[PDB]
Amino acid sequence: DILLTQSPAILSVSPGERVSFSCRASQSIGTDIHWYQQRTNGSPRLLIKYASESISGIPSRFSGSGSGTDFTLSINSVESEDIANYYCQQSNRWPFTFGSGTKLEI
Amino acid sequence: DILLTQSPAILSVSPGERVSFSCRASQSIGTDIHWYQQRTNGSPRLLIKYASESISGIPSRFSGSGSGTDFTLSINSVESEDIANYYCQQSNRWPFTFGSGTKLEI
Amino acid sequence: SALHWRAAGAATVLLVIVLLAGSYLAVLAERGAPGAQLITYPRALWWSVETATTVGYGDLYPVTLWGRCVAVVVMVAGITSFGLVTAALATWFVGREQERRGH
Amino acid sequence: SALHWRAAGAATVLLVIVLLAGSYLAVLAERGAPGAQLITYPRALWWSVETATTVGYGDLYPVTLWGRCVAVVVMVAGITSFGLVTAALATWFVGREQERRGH
Amino acid sequence: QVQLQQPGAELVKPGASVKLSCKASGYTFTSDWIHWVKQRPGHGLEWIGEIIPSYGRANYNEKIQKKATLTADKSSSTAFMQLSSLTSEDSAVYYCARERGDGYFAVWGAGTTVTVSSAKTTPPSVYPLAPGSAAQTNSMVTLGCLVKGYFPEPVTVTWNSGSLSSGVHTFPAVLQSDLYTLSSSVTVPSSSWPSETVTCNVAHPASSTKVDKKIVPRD
Ligand SMILES: CCCCCCCCCO
Ligand SMILES: CCCCCCCCCO
Numbered sequence: 001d002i003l004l005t006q007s008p009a010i011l012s013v014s015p016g017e018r019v020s021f022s023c024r025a026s027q028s029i030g031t032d033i034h035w036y037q038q039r040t041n042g043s044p045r046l047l048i049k050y051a052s053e054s055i056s057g058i059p060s061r062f063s064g065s066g067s068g069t070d071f072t073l074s075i076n077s078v079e080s081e082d083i084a085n086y087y088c089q090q091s092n093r094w095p096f097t098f099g100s101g102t103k104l105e106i
Numbered sequence: 001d002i003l004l005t006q007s008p009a010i011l012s013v014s015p016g017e018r019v020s021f022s023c024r025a026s027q028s029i030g031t032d033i034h035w036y037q038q039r040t041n042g043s044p045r046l047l048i049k050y051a052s053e054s055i056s057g058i059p060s061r062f063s064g065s066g067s068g069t070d071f072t073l074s075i076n077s078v079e080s081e082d083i084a085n086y087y088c089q090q091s092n093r094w095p096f097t098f099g100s101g102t103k104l105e106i
Numbered sequence: 022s023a024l025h026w027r028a029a030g031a032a033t034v035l036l037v038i039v040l041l042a043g044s045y046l047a048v049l050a051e052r053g054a055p056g057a058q059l060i061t062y063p064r065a066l067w068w069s070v071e072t073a074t075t076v077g078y079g080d081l082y083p084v085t086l087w088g089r090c091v092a093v094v095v096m097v098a099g100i101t102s103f104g105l106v107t108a109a110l111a112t113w114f115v116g117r118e119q120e121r122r123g124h
Numbered sequence: 022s023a024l025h026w027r028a029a030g031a032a033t034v035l036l037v038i039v040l041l042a043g044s045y046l047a048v049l050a051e052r053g054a055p056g057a058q059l060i061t062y063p064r065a066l067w068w069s070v071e072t073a074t075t076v077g078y079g080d081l082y083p084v085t086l087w088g089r090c091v092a093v094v095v096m097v098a099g100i101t102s103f104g105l106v107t108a109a110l111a112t113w114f115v116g117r118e119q120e121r122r123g124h
Numbered sequence: 001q002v003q004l005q006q007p008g009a010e011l012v013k014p015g016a017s018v019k020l021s022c023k024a025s026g027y028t029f030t031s032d033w034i035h036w037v038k039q040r041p042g043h044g045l046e047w048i049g050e051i052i053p054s055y056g057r058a059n060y061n062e063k064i065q066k067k068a069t070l071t072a073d074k075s076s077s078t079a080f081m082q083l084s085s086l087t088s089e090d091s092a093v094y095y096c097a098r099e100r101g102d103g104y105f106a107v108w109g110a111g112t113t114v115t116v117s118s119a120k121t122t123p124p125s126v127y128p129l130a131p132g133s134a135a136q137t138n139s140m141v142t143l144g145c146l147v148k149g150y151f152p153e154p155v156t157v158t159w160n161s162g163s164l165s166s167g168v169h170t171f172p173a174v175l176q177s178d179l180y181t182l183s184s185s186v187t188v189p190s191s192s193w194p195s196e197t198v199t200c201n202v203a204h205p206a207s208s209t210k211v212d213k214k215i216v217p218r219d
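Residue numbers (the deposited numbering), protein chains in the order written: chain A, 1 to 106; chain A', 1 to 106; chain C, 22 to 124; chain C', 22 to 124; chain B, 1 to 219. A prime marks a further copy of an entry chain.
If we strip away everything but chain A, and leave its shape as in the complex, we get:
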């Protein structure tokens, strides 16, 4: 079962700067990684699919990169609305798994 490590657990950045969330897979999973955003009390929301494909309705400020075992979610010029938890999820091998998550703090 693929283990997804999201470290650091908390990330602090100043308004408008570029931020990067990390996600490492215990084995190689191609680009079968997906990113979600979950704000306080809300339900998860798909941000990026397959490591770098954008989802309609999601700010162009969000992008993803990576392949194999290392993946990154980036936000160009973070803003208050981005404050939330971010999770990664792989679908390369059964069963699907989630990362422990990373909180964004401004």
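Because the hints were derived from the structure by calculation, they are not lab data. Check each hint, because a few of them may be wrong.
[Claimed, not checked] Here are some chain A' residues the structure puts well away from chain A; computed CB gaps all over 10 Å:
no.: 1; residue: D1
no.: 2; residue: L3
no.: 3; residue: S7
no.: 4; residue: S14
no.: 5; residue: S20
no.: 6; residue: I55
no.: 7; residue: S56
no.: 8; residue: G57
no.: 9; residue: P59
no.: 10; residue: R61
no.: 11; residue: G66
no.: 12; residue: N76
no.: 13; residue: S100
no.: 14; residue: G101
[Stated by the list, open to error] Taking CB as the label site, the calculated pair distances span:
no.: 15; chain 1: B; residue 1: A16; chain 2: A'; residue 2: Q27; range: 32 to 42 Å
no.: 16; chain 1: C; residue 1: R121; chain 2: C'; residue 2: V94; range: 39 to 49 Å
no.: 17; chain 1: C'; residue 1: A23; chain 2: C; residue 2: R27; range: 18 to 28 Å
no.: 18; chain 1: B; residue 1: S163; chain 2: A; residue 2: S28; range: 48 to 58 Å
no.: 19; chain 1: A'; residue 1: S56; chain 2: C'; residue 2: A23; range: 27 to 37 Å
no.: 20; chain 1: B; residue 1: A16; chain 2: C; residue 2: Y62; range: 44 to 54 Å
no.: 21; chain 1: A; residue 1: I58; chain 2: B; residue 2: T30; range: 35 to 45 Å
no.: 22; chain 1: C'; residue 1: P63; chain 2: B; residue 2: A16; range: 39 to 49 Å
no.: 23; chain 1: C'; residue 1: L35; chain 2: B; residue 2: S117; range: 55 to 65 Å
no.: 24; chain 1: C'; residue 1: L35; chain 2: B; residue 2: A16; range: 47 to 57 Å
no.: 25; chain 1: A'; residue 1: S56; chain 2: C'; residue 2: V94; range: 30 to 40 Å
no.: 26; chain 1: A'; residue 1: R18; chain 2: C'; residue 2: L41; range: 43 to 53 Å
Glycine is no exception: its CB is placed at the ideal position from the N, C-alpha and C atoms.
Dock chains A', C, C' and B with the ligands against the given chain A, drawing on the hints supplied.
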């Protein structure tokens, strides 16, 4: 995305000695590694291609070896003209990537 | 149209059907098996094509009993269809050579 | 020359064409996809030959939708060409056996 | 001959955009790819993206923010990289390189130095540097030229139109209140000068200027 590590960052040798630059790939890339030389203010120049194939116009003093994840660029009897930065670059998997580079110091 | 030409298209239709259902069934059979990779429909359909053609790169394959059974039907359908086209092309050349011999 | 012998060479020419364009298109389709290995022309041409012949060692293969589509045309061209040679060789033996039977 | 031709420099105001060019020559194959690499001062090489002119398809580095757009003109063999909404982080040398679709960069351009700044372009003032009247000499003599008050970088300094390359040092420029300054020195046998002239040529790309300065003994 393949990570190329070039360590040490700086290399010191005495005139005429044999020197070796190291390059390690985060995963196995066969022999798809290429070496470049960049002197102060100049543009990069191809020295070795595919880990060990010599380029015409390049001193026979330059050679390369390795395969998989470990690669070496060697210079038999270094001389002043060799003072420069040396970079490696892989073309095994998209996107192509460069190493951080190593400076030769005599 | 001649029989052999009918069987060809037929096999092509049936093969496309086997490929589609095959992709659907592989996912159904593989999900539940830890470590399985043939678990989403798009790549499963690619897997079915590389199985029916026998190319089998090895990037994807079934690890479960039922997935392997599904794999066998796909291999047999592919091998049979492509072999049926060969036989159709053979019957066509044989007939043409008969004419050319004024036979 | 007889038809089947013409179709053989034809398929050989077309196959060589598919192999060449196939190598060119695979690189075009694969570059841009992180982790892709079918991204330089020399090895792509080797990849196309191991695909058309169905050997598929698995050292190289497409990971993109368009690369896979290109792969399918190559597999189909290869399987069809080689199967067309089999059918040509069959029509040739059948004719010779007819003579040998004084038929 | 030079296979990739790039403009020496470009000044750009923060927020504005610039379109760098790369004219090619020599052997060309529909299978060629043109790459762009970014090098910030003191840093290493960073792949930006690639393009295949014969098809016009382009790919970009996903790990970095996309501030580039690649296009090409098949008729004039020219590759273009449109950089938009630049900030000081985008200041650097941008090289273009040709790849035959086989993985390595056989040839590179000289690179375009891009500077993101509000300051204005300013050609340099070139002053001679001949020894003083009370300076004793040996079998060798040292001369130079002072290039100061210019913006932005860079400037190229040659001696005797490039014919004089042995014994030449061009020191890195220093920035002081929106203007750069540097010096270049040359050392020739004492007997050779001033019977044989010594001149320094100074080109400043950003302002399309190039000037000469003969180094004669102080009167
Ligand atoms: C011959 C095809 C059989 C498909 C069976 C799927 C069963 C799902 C796993 O229990
Ligand atoms: C059937 C062949 C299609 C080739 C398409 C290449 C497209 C490049 C990627 O966008």
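Next on the checklist: Name the hints, by number, that the structure is in violation of.
Outcome noted: Numbers 1, 2, 16 and 19, in rising order.
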